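What follows is one chain in C-alpha cells, specifically the form deposited without N,N-dimethylpyridine-3-sulfonamide.
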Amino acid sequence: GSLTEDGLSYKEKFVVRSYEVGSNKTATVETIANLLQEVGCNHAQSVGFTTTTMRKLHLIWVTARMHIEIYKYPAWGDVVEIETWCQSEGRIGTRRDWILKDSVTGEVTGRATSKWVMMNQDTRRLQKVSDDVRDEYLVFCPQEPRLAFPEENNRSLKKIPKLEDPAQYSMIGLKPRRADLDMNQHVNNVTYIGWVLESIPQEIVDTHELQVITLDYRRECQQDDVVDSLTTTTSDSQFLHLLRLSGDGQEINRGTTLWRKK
C-alpha cells in the first residue's frame, strides 16, 4: 500500500481470499468493510499515527455512521484497489471516504463514506474540538471538498427512523466471541454489520444482492452484552433495521439496506 503523489490519500490492493467469499464466490459486504478498515489503519500509519494532543486528553475517534454502496462484489482471486481519504467537517467531526476499483479494468465497483465523532475514552462523552486539534489534521486532508457521495441530499446523509414493534423478522440472542473483538477487547464495527444482516430472510440473501447499507452506531455492545437483530421490509427490496440489547431493549444501532434482484 502507499500514499498517492500529493500525499493526501492512500491506495492499497487486496487479493480476495477463499474464506472471504459467500455462495456467489464473491466478497461478502463484511469482508469489504474489513478491507475499508484495514486501508484506513494503513493510511493513519503512513502519515505518522489520534493526535498526541487528544492522546493526553484521553480523546478517541469513534464511528457515528457507516454507508456502503457496492455495484460489483470482487470475485475470489480478483484484485481490488481501494483509495481512502479523510476530511474535516468543522467542529462536528471528521469524514473518511473510500473508492473501490477493479484492478484489471480501472472501473469503480464500490464507494463508501463514514462520519467520525470525538469521544472521551473513559467518560464516553462527546467533545467536538476541546482545543485546536483541527490544525493537526488539516495537513493530511485535501482542503478542497472531495466527496465519494457528492449528489445533493444523497443516501449517505438520510435520516433513519426507529423500527416499531412488532418486527417483521428477527434473529435473537446474538453474542460476540473473541474473534469479534479488536486489539483493545472492543467489538469490531464490522460485527454490527453482520448482526444487522442476520435478521434478513435467507430467501432474500439467495435471490438478491446487497447494493446499499447505511448504519448508525448509537451505543457500544460490550463483550458480555446480548443482541437482538430486527428487520422490517419498507418497499428492488428495502429494509429497516434495529439492533438492541436482548434484555432491556436499549438501542445499540439502526440502519437500512437496499437489495437488487439477481
Given for the second form:
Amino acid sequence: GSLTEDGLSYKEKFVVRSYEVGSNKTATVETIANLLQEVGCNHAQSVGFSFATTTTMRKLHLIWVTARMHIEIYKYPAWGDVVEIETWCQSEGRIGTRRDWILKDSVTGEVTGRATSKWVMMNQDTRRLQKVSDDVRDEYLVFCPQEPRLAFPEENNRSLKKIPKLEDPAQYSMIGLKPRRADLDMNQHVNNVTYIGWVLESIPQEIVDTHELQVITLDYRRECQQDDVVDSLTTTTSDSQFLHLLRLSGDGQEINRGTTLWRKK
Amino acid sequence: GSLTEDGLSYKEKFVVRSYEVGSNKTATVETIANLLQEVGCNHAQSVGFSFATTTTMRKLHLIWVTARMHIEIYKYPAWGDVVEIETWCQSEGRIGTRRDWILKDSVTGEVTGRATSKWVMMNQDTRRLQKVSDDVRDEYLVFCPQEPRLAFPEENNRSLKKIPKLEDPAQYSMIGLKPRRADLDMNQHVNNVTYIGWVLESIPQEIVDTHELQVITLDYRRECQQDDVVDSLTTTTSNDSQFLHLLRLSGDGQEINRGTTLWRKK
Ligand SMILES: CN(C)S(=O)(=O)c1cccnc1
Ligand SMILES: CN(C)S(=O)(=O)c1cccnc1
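After the form deposited without N,N-dimethylpyridine-3-sulfonamide, can we look at the form deposited with N,N-dimethylpyridine-3-sulfonamide bound?
Let's see the whole complex now, leading with the same chain.
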C-alpha cells in the first residue's frame, strides 16, 4: 500500500484468501475487521509512527484504545477478489481521535463497505482514560485532513447511536468463551476482532444461514484477559436487529455491548 | 502467485501482517499453516481443479483429507517481511497423495522452513477411507513431477516417525476447547489450523516465552464437529524440549488428534 498524493490518507489492496471466507465463499466480517486493522497499522508506519503513539505519549506511558467500532457492508468480497481500502484519521477535539475507512471493489471502483472507529487515550499501566493534551494533538494534526472528512457524514446516522444494556433473561446465549493464543496480539492483549466473533456466536445458525450481516456497532468497555471467560448474550429487537452483550462468566462484569442489523439473502 | 516454468510446482509471495504475529513480532506457526493451505489452494485452482477434486472424485463423492501434517521452521518471518512459498504434489501409489512446501526469505533466498503432508481419499458422506483407483491417479499424475521431489529427503527424518498415544495422567492440559465460526472453513468443517492451536494451548506459557517451536508433527484421526468440545493434553518427553500431545473429545475421550512438538531455547 501507500499514502495518497496529499499524504493525508492511505490505500492498500488485498486479495481475499481461502481460509478468510465463510459458507457463501465471501469474506467474513472478522476478515474485514482484520483488514481494517492491517491498513490502519500500515498507515501509522508510513507516516513515522513506527500502535500509533506520539513521542509525548511514549514519555507519559499513554496508548490509543478503541472505544467504539462501527462497520457497514453492502457487498462482502468473494474469495480471490481484490478489495481496496482507504483509511484516514481526524482529531475529535479533545475527547479522542477517529479512524475511518472506505472499502471498494478494485475492479468496479464501487464502494462496498465503510467503517468508523472512536479511539481514546489511556495510561497503559493504570488503564485510566484521559482527555487529549494540547502538545499531544499538535504532533498528529499535521497527518490528518483539516476540513472534516467523514465515512458516515449523514446528520444522525447508525454510527453514533446510543446502545442500551441487554436485560436478563437473554433470548440467546453462548457461554464459556475463552481466548486462545491466536486471539492475542503482539502485546498479548485479546485483539478486538475476537470480540466481534464472540458477539456473533450467540446469533442463531439459522439467522446466519438465511441473512447477511449489514451493520455491526460495538462499544468497548473493558478488556478481556487471557485467563478470563466470557458469556455472549443476544436478544432480537426487531430486516433483523439484535441487541448484544459480552460479560465475564463469573461476576457478570460487562466487557462489551453492541447491535447488529441483518437482511434476507 | 504462479506456476513455475514446467507447470509442476507453484510459488506465491506473502507480506506478513500485524495481526499474524506473536509476542516476538514474528509470524505464529498457525499463520505459517494458513499460508501453506492458501498456496496449496491457489496451486489446485491454477491447474484447473476446484479442493483438488478430480472429475472422477466428484462423480463418486470422494474428497482428499489430511492424515498427517509435518512442519519444520528455522526462522519465523518478521512482521512486514516477504515470505516466498513453493508447493508441489506427488502421488504415493494407492496409499494417497503428498503435498510438500518450501518456505524462503524473499530478500535473502535462504530456506527458512519446510513442510510435508499426507492426504487420503475419503467418501464425503460415509467418511470411509479408501485407496486411490487407477482412473483417479491418471487424472492428477500429469500435474506432479515424475521423479521423486521431497521437502524432507533425509533417510532418517522426523516427518515419518510413528507417534504414540499419550497415557493418563497428562503432565499439562487445556480443557473445554470449542470451535467458533471463525474456526470453520467454507464448507463449515473445523479448519486443520485450529487443531494446531488447540494442541499448542496445553504447552505452558513459560515454554512459549523462553523457547521457539522448531518442529510440529500432527496425525489427524477424526474430525471435530462444530458442536463438539475438546481437551488438549501434553507430557514432556525430553537444551531442546520435546512434548507428546493428544486431542480428544471432552466427554467420551474419543481421540481426534495426536502429535509431537520440538522447541529450542531462544
Ligand atoms: C498520523 N496517523 C494518521 S496515525 O494513524 O498514525 C495517528 C492518528 C491519530 C493519532 N495518532 C496517530
Ligand atoms: C496442483 N495439483 C497437483 S492438485 O494439488 O490439485 C492435486 C494433487 C493430487 C491430487 N489431485 C490434485
